[PDB]
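My questions will all concern the structure given below.
Moving on to subunit A:
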Amino acid sequence: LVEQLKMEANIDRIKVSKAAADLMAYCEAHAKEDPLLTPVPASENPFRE
Partner candidate 1 sequence: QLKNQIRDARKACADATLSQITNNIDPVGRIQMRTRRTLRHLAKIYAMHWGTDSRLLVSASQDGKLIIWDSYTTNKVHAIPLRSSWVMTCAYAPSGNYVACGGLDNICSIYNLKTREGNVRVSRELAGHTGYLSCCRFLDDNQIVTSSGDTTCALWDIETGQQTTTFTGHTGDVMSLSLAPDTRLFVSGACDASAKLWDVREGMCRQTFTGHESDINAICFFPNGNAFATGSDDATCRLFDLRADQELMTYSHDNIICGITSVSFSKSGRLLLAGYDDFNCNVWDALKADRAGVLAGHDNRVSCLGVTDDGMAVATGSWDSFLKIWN
Partner candidate 2 sequence: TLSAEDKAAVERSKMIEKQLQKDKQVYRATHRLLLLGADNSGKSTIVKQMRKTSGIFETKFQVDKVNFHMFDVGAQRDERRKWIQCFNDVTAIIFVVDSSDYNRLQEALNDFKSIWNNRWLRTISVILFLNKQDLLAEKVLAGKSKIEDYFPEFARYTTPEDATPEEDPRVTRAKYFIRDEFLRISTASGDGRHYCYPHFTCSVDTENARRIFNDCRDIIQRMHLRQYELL
Partner candidate 3 sequence: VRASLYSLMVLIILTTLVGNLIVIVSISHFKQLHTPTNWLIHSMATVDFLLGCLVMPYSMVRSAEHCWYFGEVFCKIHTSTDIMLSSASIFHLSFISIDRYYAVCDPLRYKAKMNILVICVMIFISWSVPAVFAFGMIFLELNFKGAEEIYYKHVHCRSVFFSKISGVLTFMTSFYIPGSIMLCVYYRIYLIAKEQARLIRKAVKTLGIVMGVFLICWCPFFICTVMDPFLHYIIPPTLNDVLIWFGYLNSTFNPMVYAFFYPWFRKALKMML
């Protein structure tokens, strides 16, 4: 358990703003191309009924 705690504490960390920047960059990169966020035109989707 002591060795496990030492291994846990041995890791390094990064700033919490770079992670937010990466997440928002990925979100804005892939936001417009997928149906859930941007409503697909009714011709493309297979669920029309």
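In the analysis below, contacts are C-beta pairs under 8 Å (C-beta built on N, C-alpha and C of every residue); 3 or more make two chains touch, one makes a residue touch a chain; residues count from 1.
Picked so that all candidates are chains of the complex that A comes from, given by their letters.
Although all of 1, 2 or 3 belong to the complex, subunit A touches just one of them, candidate 1.
Within the complex formed with candidate 1, the subunit A residues making contact are 4-9, 11, 13-17, 19-24, 26-28, 30-31, 33-37, 40, 45-49.
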